[PDB]
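Showing just some of the chains, left in place.
Order of writing sets the chain letters: A and B. Residues in each chain are counted from 1.
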Amino acid sequence: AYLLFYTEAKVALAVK
Amino acid sequence: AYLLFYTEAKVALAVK
């Protein structure tokens, strides 16, 4: 699965 | 901060 890095600012992650 | 791994049933991440 993908580890997506995004900004909610500061860094946050999601897994897909 | 550091990345936390926990179980969402996949692995899931959080930044602490």
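Just so it is clear, a residue touches a chain if its C-beta (ideal position, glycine included) is under 8 Å from a C-beta of that chain, and two chains touch if they have at least 3 such contacts.
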item	value
Whole-assembly copy number, given 2 chains displayed	12
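Following the convention adopted for this analysis, only the chains that are shown with their structure count from here on.
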item	value
Length of the line joining the C-alpha centres of chain A and chain B, rounded to whole Å	11
In the complex with chain A, residue positions of chain B that touch it	3, 8, 10-15
